[PDB]
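One chain comes next, on its own, written out as structure tokens in the form solved without its partner chain.
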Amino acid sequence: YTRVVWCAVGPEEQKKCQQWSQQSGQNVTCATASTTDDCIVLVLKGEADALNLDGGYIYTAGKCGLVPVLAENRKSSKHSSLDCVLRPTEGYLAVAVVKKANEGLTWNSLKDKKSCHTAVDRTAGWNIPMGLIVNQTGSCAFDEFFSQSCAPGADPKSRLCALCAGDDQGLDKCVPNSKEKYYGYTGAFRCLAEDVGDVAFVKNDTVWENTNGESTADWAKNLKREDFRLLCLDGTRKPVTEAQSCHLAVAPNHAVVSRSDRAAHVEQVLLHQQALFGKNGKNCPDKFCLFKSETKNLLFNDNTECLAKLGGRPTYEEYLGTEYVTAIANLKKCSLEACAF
């Protein structure tokens, strides 16, 4: 039992982490970086111990010796008697969403359209869609496929950032942190919802959580589920209730990574941390709730029921699975063995 230093990405995540720290008796403390990458670096140097990551980043981190410790687990149906922490992870559905009123827009007519991505290097927002788009066009010119986009993490003055609005003053345009108005799952969908983009690459859960009154946020309160449509790969369009038969791919859950020599200790603290601030935690909602950030998915996704033991002590490759790891490899060829820092 020593402290665990968590790496928060951006001002909002550090605010939430500072609250978590205060409520934990400093059992968990914070470190901040303007970027997920920078946070990986801080963990490599040994200045931060852990952070929760999307599959695309687990891959970057894995190449540098970091290892998945616990995964986020959301609501399911299979394995009912099994507890959340021991229950296998279901994965999540990556989808391409559009406005219904945008008739005639299919997967086959996305060229020169306007796209909203969660952030460069992420699973549903970048890796899967651009992976499919490169293969389909047999070209690495993925910077020239759309006319304009908001793909946080790309060059601020390039087309991939043309649609990003930055912040509130307009500063930090395109930064890969929750301060890019259109950063992440929620931001990319808002990008679509406000008709800035024609399509948004998010996950199925995002569409549901921000429509039909589920979100009390200004831009989303009047959002209706039936005004959106998913783009399947066979060229058709289906209602967002058909996600199960109209997705680009099934993605591995976001997971908490840490240096291999610190993993056991990070795991220990965290389990006890959710016993306190998790879904049924002793001090949530009374004092602090670890998985609630208010439709903002800070540190963790708001739909996390709990952090689950992986098991079978995964290396990063088998946690991400073999078909996904090859998909990233091939995409990375465009822009084999080496840590990127």
Given for the second form:
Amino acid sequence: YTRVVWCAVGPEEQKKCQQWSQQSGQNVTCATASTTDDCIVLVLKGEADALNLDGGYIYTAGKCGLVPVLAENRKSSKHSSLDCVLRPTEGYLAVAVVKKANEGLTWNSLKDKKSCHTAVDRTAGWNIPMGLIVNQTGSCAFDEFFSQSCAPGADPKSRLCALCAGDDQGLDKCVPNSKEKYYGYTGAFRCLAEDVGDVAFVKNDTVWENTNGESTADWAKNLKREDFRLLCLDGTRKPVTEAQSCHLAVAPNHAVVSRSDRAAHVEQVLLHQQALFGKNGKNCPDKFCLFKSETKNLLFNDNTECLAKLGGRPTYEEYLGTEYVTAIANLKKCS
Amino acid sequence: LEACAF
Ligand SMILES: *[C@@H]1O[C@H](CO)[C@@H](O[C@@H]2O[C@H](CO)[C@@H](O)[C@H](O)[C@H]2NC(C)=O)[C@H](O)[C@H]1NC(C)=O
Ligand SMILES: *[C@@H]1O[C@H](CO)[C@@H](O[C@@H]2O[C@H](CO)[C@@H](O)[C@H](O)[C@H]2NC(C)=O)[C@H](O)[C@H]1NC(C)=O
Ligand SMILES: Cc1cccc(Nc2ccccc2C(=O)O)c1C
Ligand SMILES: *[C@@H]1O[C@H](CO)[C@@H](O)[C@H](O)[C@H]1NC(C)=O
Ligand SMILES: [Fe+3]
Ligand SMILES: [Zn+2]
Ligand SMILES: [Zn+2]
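May I ask for the structure of the form solved in complex with its partner chain now, the form solved without its partner chain having been displayed?
After this comes the whole thing, all chains and molecules, with the earlier chain placed first.
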């Protein structure tokens, strides 16, 4: 066995990683970089072994030769006697979320509105909605579609970063890590909740998990699910209980990637680390919980029940699926 | 649909 070196994206992940490392007795140790792309480069250089990635970043990492190893599996919708680690993953619903009180807004009137995205290059926050918008408008000028946005990872002086807020001190505006107040699923949802933006591209679970007291976070603790609507592609608005019939796409779950020569060993270590620190793990919550970070989704999404084995030793294209890959490929023609 | 970005 070797140690596995995890790559943490920004300082809040680095802190959680350091706590994991200490609890694992250094079976896992930590490298940290400022962005997911830079973590992918550390992994390609062999200076880190692995990290968990949204499907859009899996595409980046997979074009560079890194491979999926285990997928996040959240609470199953339907009944299953299968253990979490063996249950097939179900994909999450990419949605566009607006305030109920913003009554005129539908999918067909998004032009010149303000948008909140998890980050450039992520599935629900970017690849799915911008791919759809490029397609529908017949124009690659997706940087001119919304009047202002927060899209972490875009040029910080551009309209795509105009709404981003940076950290406590207002430094690091638009950096694609958790120090940016509007980064990621919860940041893009907060960007809508605070009416900085008119629309947030997140996933269905984000809305549930940050409303009706499911989050105690100060910006979220008082949000009511009834105050939000989903935007459907047919131009209708639905309550957030209707995401199965009003989503933009089904996304492949976030998954751990590594170099191919390290995957088997990364997989074995992770299966053992989640037996200790995962949901009902032997030492969670007593000592450390790998899948909690007070809603901040650090290293893994907080709704993860386990990391699951993949069927078919899939390549990254197999894992993402041919349609998603082609959608990304098409959108990347614009850049 | 081609090479590694890095
Ligand atoms: C949208 O996401 C929410 C949050 O994950 C899902 O609601 C959860 O569903 C699980 C599985 O049934 C329940 O056991 C949880 O208690 C629910 N959480 C909350 C906070 O209510 C919901 O099913 C998803 N909707 C769709 C269409 O997939
Ligand atoms: C945007 O449109 C492109 C161009 O049509 C879509 O790409 C096609 O997707 C279908 C369905 O998977 C494939 O069978 C075609 O072969 C693809 N066409 C081309 C020219 O590559 C893409 O899926 C759309 N983007 C979305 C829906 O986000
Ligand atoms: C065609 C199809 C349909 C549903 C899922 C996929 N691919 C996946 C493969 C692994 C993990 C997740 C997915 C998914 O899209 O949820 C494909 C290729
Ligand atoms: C660390 O890994 C070693 C080797 O597999 C193992 O004996 C030990 O149980 C692990 N400990 C923790 C705390 O993860
Ligand atoms: Fe995602
Ligand atoms: Zn669908
Ligand atoms: Zn295969």
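Numbering follows the first chain given and starts at 1. Shifts are known only where both forms have a C-alpha. In this text, the rigid core denotes the largest set of C-alpha atoms whose superposition between the two forms falls within 1.5 Å.
Shift analysis on the rigid core between the two forms singles out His79 from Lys100, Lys75, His79, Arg225 (C-alpha displacement of 2 Å or more).
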